[PDB]
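**Student:** Each chain is listed here by its residues.
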Amino acid sequence: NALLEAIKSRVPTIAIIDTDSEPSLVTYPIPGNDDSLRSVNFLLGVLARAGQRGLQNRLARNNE
Amino acid sequence: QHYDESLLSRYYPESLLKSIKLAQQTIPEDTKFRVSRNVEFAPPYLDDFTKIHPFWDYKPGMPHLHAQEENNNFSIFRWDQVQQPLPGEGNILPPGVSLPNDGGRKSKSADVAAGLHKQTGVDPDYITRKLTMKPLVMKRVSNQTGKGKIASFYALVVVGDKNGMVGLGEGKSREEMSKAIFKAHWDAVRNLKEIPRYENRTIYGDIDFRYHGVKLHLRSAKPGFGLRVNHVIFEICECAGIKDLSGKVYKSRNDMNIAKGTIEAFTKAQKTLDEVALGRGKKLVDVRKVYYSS
Amino acid sequence: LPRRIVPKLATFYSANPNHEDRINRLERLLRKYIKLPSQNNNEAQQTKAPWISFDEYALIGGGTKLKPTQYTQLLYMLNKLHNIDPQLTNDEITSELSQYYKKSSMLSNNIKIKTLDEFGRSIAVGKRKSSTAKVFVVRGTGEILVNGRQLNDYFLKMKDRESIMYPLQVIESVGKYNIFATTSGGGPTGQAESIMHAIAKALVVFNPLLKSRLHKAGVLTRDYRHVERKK
Amino acid sequence: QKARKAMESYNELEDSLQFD
RNA sequence: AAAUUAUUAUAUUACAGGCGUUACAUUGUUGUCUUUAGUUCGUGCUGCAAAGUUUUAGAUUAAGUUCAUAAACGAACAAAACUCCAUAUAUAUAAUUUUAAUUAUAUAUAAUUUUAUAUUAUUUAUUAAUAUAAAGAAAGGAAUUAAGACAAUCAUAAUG
Ligand SMILES: [K+]
Ligand SMILES: [K+]
Ligand SMILES: [Mg+2]
Ligand SMILES: [Mg+2]
Ligand SMILES: [Mg+2]
Ligand SMILES: [Mg+2]
Ligand SMILES: [Mg+2]
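Which chain is which? The protein sequence lines are B, E, I and c, in order.
Every number in the deposited numbering is 329 more than the matching position in the first sequence, counting from 1.
Every number in the deposited numbering is 13 more than the matching position in the second sequence, counting from 1.
Every number in the deposited numbering is 32 more than the matching position in the third sequence, counting from 1.
Every number in the deposited numbering is 580 more than the matching position in the fourth sequence, counting from 1.
The reader is advised that the hints may include incorrect statements.
[Stated by the list, open to error] List of simulated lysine-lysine pairs, DSBU-like, C-alpha gap at most 35 angstroms: (1) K582/c to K185/E; (2) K191/I to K248/I; (3) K97/I to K192/E; (4) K175/E to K206/E; (5) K337/B to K196/E.
In short, the hints are calculated from the structure, not lab data.
Put together the whole structure using the sequences plus the hints.
**Tutor:** This is the structure:
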C-alpha cells in the first residue's frame, strides 16, 4: 500500500529488497535480508547516520 | 469599602448618589459578605448597573412583565423592525464561518483547483487558466437492488493544456450529472501525463495498439493535415495538442475504451527520436527539417 | 533564514500521532531510569493512583482516534514510573507525570475526622426501608434503651434483638458500651436493622482499626432495598 | 423505453446547463 | 344638525344541528410490530466497465455486551456516553412551638468502582474466568432513533 501510494504521489523510496521482493517497486533498492533485526538495524543505522551528516552539513553552512 | 462622596460623585451619576449614601449608612464598614452557593442573584460578570444596555436590558418604553410605565405611556408605535438588534458587531457568525451574502458565483474549475491544491499540491492558477476540459461520455447506469433500481450518473472527461499535458478522469454520482462531471474533472487533473509529440504537432511514426477489445491504428501526418480520426480521439488530440493525425479504430468502438486506449497508446507505444538514438548509439536525422536548415 | 512548514510530531504519519508522541516521552523516562528500584510498599497496596479518565486523555491523545488499548498502554507506563521508590525518584519523572493526574486535586476533601462529643458519645444515623435510627454509643456495661423503653419491650422478636447485638458481637464488645437508640418510621424489622447499621457506624470512632472487620461482617453497608412500585 | 431514452434528453440537457 | 352610528329584542334566509353513514374516501391518533453497529455522503483505492471496497463466516458478552482488525479513512445518523431519580456525603437555610433537625429542599461531590496476590485457561500478556486480601455507603432504576410492515372509529381529534 505505502509503496503504491509513493508511486502515485511521486515520492522517491528506498527499501530493503529480499530475494522474494519485487525490486522495481522502489526507486533505490537495497538487496539484503529483511527478516533479521540485526541486518535491518545495521542498514537502517547506516542510512540514519548518512542523514545525520547531511543535517550537520546544512546546519554548519548556516553558521558560516 | 466606603468611599467619600467626592470620589463617588466623579464616577456615578447624581441621581444614584443618594442611594449610595444611604447604603453606606446602613451597611457597616465591617460587614463580612458571604457568597451564596444556591441562588445566583448577580450576573457572572461585573457591572455597576448605571447604564442601560440597548440589548441585554429591557427596551425603554416596550411592554413586558416588569415594565414600569403605565399602560397608556408606552413609546413603541412602530412594529415593522426588530426592536432590539443584536449587540456589538451585530452578528453571531461562528468563528470560522462566513456570511452567505453571495451565492452562485463559484466556478467549478476554481473549486477543483482549490481542492486539488490542498490534497496534492498542484498549482491552482495552472488548473483554472491553462487547462481545457471536454466531456467525452455522459450516461446513466443503474444497479438492481432489493429496494429497487438505483440510478447513477457516469461522466468521462478529458483535460489538457494543448501543450503536451493530457489527462483522463471518470466520475460517478447518484445525485446529479453535474456532480459526476466535477468528480471526473477532479480525477482528470490528477491523472495528467505528458505525451511525446513530434514537432509538437503529431506522433512519432505509426501506432498499432490493442486496448482490451479496441484496435487502434494511428498514423502520423504532414503539417497542415488536420485531425482525421474517430471523434473520441479528436477531442483527446485537441486537449493534448496534437494537430495532425490519421487513424482507424477496428473491432470495438466503445467510446470509453477508445479514450483510455488512446491515452495509453500515446505514452506506452511512442518513442522519441532522442530515446531511440541514445538506446542504439546512432544519430537520427529528420531529412525534412535538415532540408530547410542553414 | 529560509522557512518551511513541517509536521510538528515525529509520529505525524502514524494512526494516532498524539498518543504515540506521549508514549515515546514516557518510554524515554523508563529507559533512562531502568535501574531505579520500585516501591516495596506496592505489596502493601498503597492507595494512590489518580490518573485522568479515558475521555480526559482523549482531549490530548487524539480524540476519536484514541483506542481503549492505547489508554491501557498509557496507564501501564504512568503507573510504572509512579511506582518508582519515592526516595529515589527525580524531578523529571514527577514533572512528566504531573500532567496526567486528575485535576480534582484543585479542590479539597469533604471529610472531617469523627470524634467523641463532650460526653464521650458516638452519634451515628442508620436507615433501612422507611425506618431511621439515631443511636448514642458511650462506654458502659451493656445497657440498651430504645426510645426510652427496654429492649425486650420495644422489640418483641428475638431475631430483631439479635440483629441489634450483631455489630457488638463482631468486635466482641457487647458488655463494653451503653446504647441509647432512637428510631422512627417503618416497622420493627426496618427499625431494628436501622439501629444495627447505626451502631456499626458509631463503633468505628472508638477504634478505627476495627472498621475492616465491621465492613467484612456486612454491618457498615446501607441496605438499598425498598418497596418498588410495580412497573 | 423510459429508462434508456430519458437520459438522452437529460444528458444533452446537462450540456445545455454547461453553456448556461 | 332630525338624520347617522352603538347596543338590545323581534323578524327575514343562506343556514344551524345531526351518537346518520368506513359498503363515508383520506388524515391524524395511538397501537402492535420488526429495525435499531446500519444507511447516505465525502475522499481514497481495485476492476475496461456495470460494480466492489475486500481482513471477516473476527473475538468476546445474557445481550452492541466489550475490544480488536482490514485499501481504506472520516463525517453525518442513532445508539452509547450523557442526563435525571434513588442511595452516601458536604455546604447553605430553620431565631429546633408549622418540630418530623431521626426533618425539610436548594446546590455540589461520588462508581460504568479500585488495587495486590494465587489458581485455571488464553491470542500466555501490560490477559479473562476464579478465589484470597485490602479500600469503599455503593447495591437499583428511568427516559432515549428513524424507517418498514401491519391493527384499531379514536364514545379519545379532524377534512371531504
Ligand atoms: K466510494
Ligand atoms: K426537633
Ligand atoms: Mg524476507
Ligand atoms: Mg354540516
Ligand atoms: Mg341523535
Ligand atoms: Mg479505472
Ligand atoms: Mg467506515
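**Student:** Confirm or reject each hint.
**Tutor:** Comparing the hints with the structure gives:
no.	hint	result
1	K582/c to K185/E	21 angstroms, holds
2	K191/I to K248/I	21 angstroms, holds
3	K97/I to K192/E	31 angstroms, holds
4	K175/E to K206/E	12 angstroms, holds
5	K337/B to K196/E	18 angstroms, holds
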